[PDB]
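*Asks:* Chain by chain, the residues:
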Amino acid sequence: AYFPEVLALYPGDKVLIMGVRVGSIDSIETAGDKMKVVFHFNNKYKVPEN
Amino acid sequence: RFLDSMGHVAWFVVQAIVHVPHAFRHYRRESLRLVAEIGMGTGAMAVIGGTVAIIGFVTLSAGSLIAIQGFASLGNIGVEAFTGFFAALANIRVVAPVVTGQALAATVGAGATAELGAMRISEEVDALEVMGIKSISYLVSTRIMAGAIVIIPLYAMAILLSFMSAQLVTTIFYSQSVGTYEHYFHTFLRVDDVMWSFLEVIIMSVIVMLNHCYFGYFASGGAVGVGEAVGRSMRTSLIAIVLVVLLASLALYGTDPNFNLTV
Amino acid sequence: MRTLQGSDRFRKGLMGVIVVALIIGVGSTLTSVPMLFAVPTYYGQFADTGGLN
Amino acid sequence: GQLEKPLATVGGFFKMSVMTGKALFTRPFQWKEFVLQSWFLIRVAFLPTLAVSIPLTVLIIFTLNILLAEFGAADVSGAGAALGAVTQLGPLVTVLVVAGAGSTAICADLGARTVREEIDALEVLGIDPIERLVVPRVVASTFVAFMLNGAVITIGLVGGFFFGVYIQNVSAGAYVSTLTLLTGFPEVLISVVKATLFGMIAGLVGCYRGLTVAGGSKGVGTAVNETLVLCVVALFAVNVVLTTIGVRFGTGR
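Protein chains in written order, with the UniProt record's numbering: chain X, 51 to 100; chain U, 27 to 289; chain P, 1 to 53; chain S, 14 to 266.
In short, the hints are calculated from the structure, not lab data.
Heads up, the beta-carbon is just placed ideally off N, CA and C, and yes, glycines get one too.
Hints should not be assumed to be uniformly reliable.
Covered by chain S, per the in silico footprint, the following chain U stretches (three or more residues, Cβ under 8 Å) [said to hold, decoys possible]:
{"#": "1", "region": "65-79"}
{"#": "2", "region": "83-91"}
{"#": "3", "region": "113-123"}
{"#": "4", "region": "137-143"}
{"#": "5", "region": "251-262"}
{"#": "6", "region": "275-281"}
No farther apart than 30 Å at their CA atoms in a straight line, the calculated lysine-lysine pairs in the BS3-like style are these [as the list claims (entries may be wrong)]:
{"#": "7", "chain 1": "S", "residue 1": "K18", "chain 2": "S", "residue 2": "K35"}
{"#": "8", "chain 1": "S", "residue 1": "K231", "chain 2": "S", "residue 2": "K18"}
{"#": "9", "chain 1": "P", "residue 1": "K12", "chain 2": "S", "residue 2": "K231"}
{"#": "10", "chain 1": "S", "residue 1": "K18", "chain 2": "P", "residue 2": "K12"}
{"#": "11", "chain 1": "X", "residue 1": "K86", "chain 2": "X", "residue 2": "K64"}
{"#": "12", "chain 1": "S", "residue 1": "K231", "chain 2": "U", "residue 2": "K160"}
{"#": "13", "chain 1": "X", "residue 1": "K64", "chain 2": "X", "residue 2": "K96"}
{"#": "14", "chain 1": "S", "residue 1": "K45", "chain 2": "S", "residue 2": "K35"}
{"#": "15", "chain 1": "X", "residue 1": "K96", "chain 2": "X", "residue 2": "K84"}
{"#": "16", "chain 1": "P", "residue 1": "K12", "chain 2": "S", "residue 2": "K35"}
{"#": "17", "chain 1": "X", "residue 1": "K64", "chain 2": "X", "residue 2": "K84"}
{"#": "18", "chain 1": "X", "residue 1": "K94", "chain 2": "X", "residue 2": "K64"}
Put together the whole structure using the sequences plus the hints.
*Replies:* Structure, rendered in structure tokens:
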């Protein structure tokens with residue numbers, strides 16, 4: 051995912067669905083004027099494409 | 027009496043200090059043997075790891091206590107992301123130096139007191155004096171050099187294991203994210219504090235070794251008196267360690283606390 | 001003593017360490033044990049936890 | 014086979030403790046020996062207890078006050094001042110000055126009795142050492158640990174108050190009014206339980222090591238050193254377990 055700004059977010063922070071932990075955040079690196087954040091969520095849960 | 031006892035211990039410590047170069051030049055193999063014996067223990071305690079294992083267990087316990095109570099209290103209040111910030115300042119400032127000092131006192135100091143008392147009772151100090159050897163230089167100065175050489179690795183392991191235990195308890199048992207813990211740990215920890223803590227631990231270890239060598243060197247009463255000497259040395263070592271840590275922390279951070287959060 | 005140095009220390013050690021481990025385990029989960037503290041558990045459907053722990 | 018060697022001593026200690034409990038709950042109590050051992054432990058571990066508790070609590074209060082003053086919340090310091098002192102500083106200073114002084118003294122005394130064949134003198138007279146010696150010493154250890162923990166907590170709180178108010182210029186009313194913010198009945202109860210268990214375990218370990226001394230010329234000193242190391246390790250582990258149990262209950266939650 052690309053964000054305009056990524057503040058106080060670090061690798062290993064939790065990923066939530068409806069407030070329930072489903073995964074974590076792998077890495078955060080600068081991509082030009084954006085911030086590229088690679089995260090993951092457990093394959094048990096399904097997430098809509100949009 | 028009291029002044030006489032203070033003068034006797036002052037003479038002992040002065041004589042032990044002034045013979046450090048003599049021990050370093052004349053006795054190198056003995057210093058290496060004592061370094062190995064202190065680092066890896068002796069007797070029945072050596073098979074479990076010696077001083078290293080005891081130091082590791084006690085420091086892991088202290089770090090776990092810090093993380094446990096800290097996270098509980100902050101979660102009750104609500105501001106629980108500061109645990110990594112709270113644990114580090116807990117370990118460096120107060121907990122790790124004192125705890126490592128008490129464990130080092132127990133293991134190394136009691137072993138040294140027992141060894142020197144056994145040598146005194148078995149007339150081995152008399153044997154050394156008969157053979158034209160400075161007993162204090164051969165025994166106490168060698169112990170001091172071995173302790174000075176061994177303390178830095180021991181306290182490095184103690185600090186490492188305390189940090190590891192606090193982080194593991196917070197981020198595994200309490201399921202806090204590792205990123206937040208590492209951020210608040212590495213942001214609010216100053217290496218200057220760690221360097222000054224290492225200096226405190228070195229001074230404390232020298233004082234502890236001197237005290238225990240004094241109690242073991244002048245033992246009396248056969249095998250029974252050695253245990254009483256060990257107990258008295260342990261009491262004195264506890265008092266000295268706590269006093270040293272308190273004085274050093276008062277001197278270092280009396281004016282500049284060396285910590286900034288607000289504007 | 002004869003009793004302390006008798007040839008029964010292995011079984012005594014096994015039994016004692018098992019008892020100590022059981023005591024530590026029960027004491028840790030004495031409030032959470034279902035046998036001694038059982039209450040019915042009800043459920044609710046929500047759109048979001050909202051930071052609930 | 015490697016684990017079987019320490020397991021024998023573990024079993025000896027456990028069987029000795031079981032016999033001690035049986036003698037406590039079955040045979041008549043030794044009031045005289047209990048009084049003597051209580052006074053001995055008090056005289057051997059009271060002044061060091063204060064001399065370790067006062068600078069340690071002063072150091073903790075100083076660190077807490079400076080960190081909170083930089084934080085900005087210097088009025089809640091007393092909370093922390095209570096929270097540590099009741100649940101950790103008290104029992105841990107009890108651990109240190111009991112294992113170092115009283116447990117080692119008990120081990121040395123029983124080792125002196127053993128090497129002088131006084132234990133065998135009792136045993137050939139038909140008397141049982143476990144009822145005449147170990148039980149009063151364990152009960153005295155528990156009693157002295159309880160009292161010393163109470164004194165340590167009180168002295169630590171008072172010294173922290175005086176240091177913070179007269180040195181670091183914090184407000185006294187904020188110190189005394191925030192003490193009960195995070196500390197209540199669960200904290201004092203778990204502190205009491207910690208002190209009682211620490212004293213009992215220290216007495217048991219000291220007595221068991223003193224009775225099984227190896228004599229020789231370094232046997233008593235080796236026994237005392239092993240007593241001290243075992244007491245420190247066991248009391249730290251028990252403190253970790255009891256701290257987890259206590260924070261499970263909690264005043265804040």
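*Asks:* Hint by hint, where does the structure go against what was stated? Just the numbers, ascending.
*Replies:* Nothing - there is no hint that the structure violates, so all of them hold.
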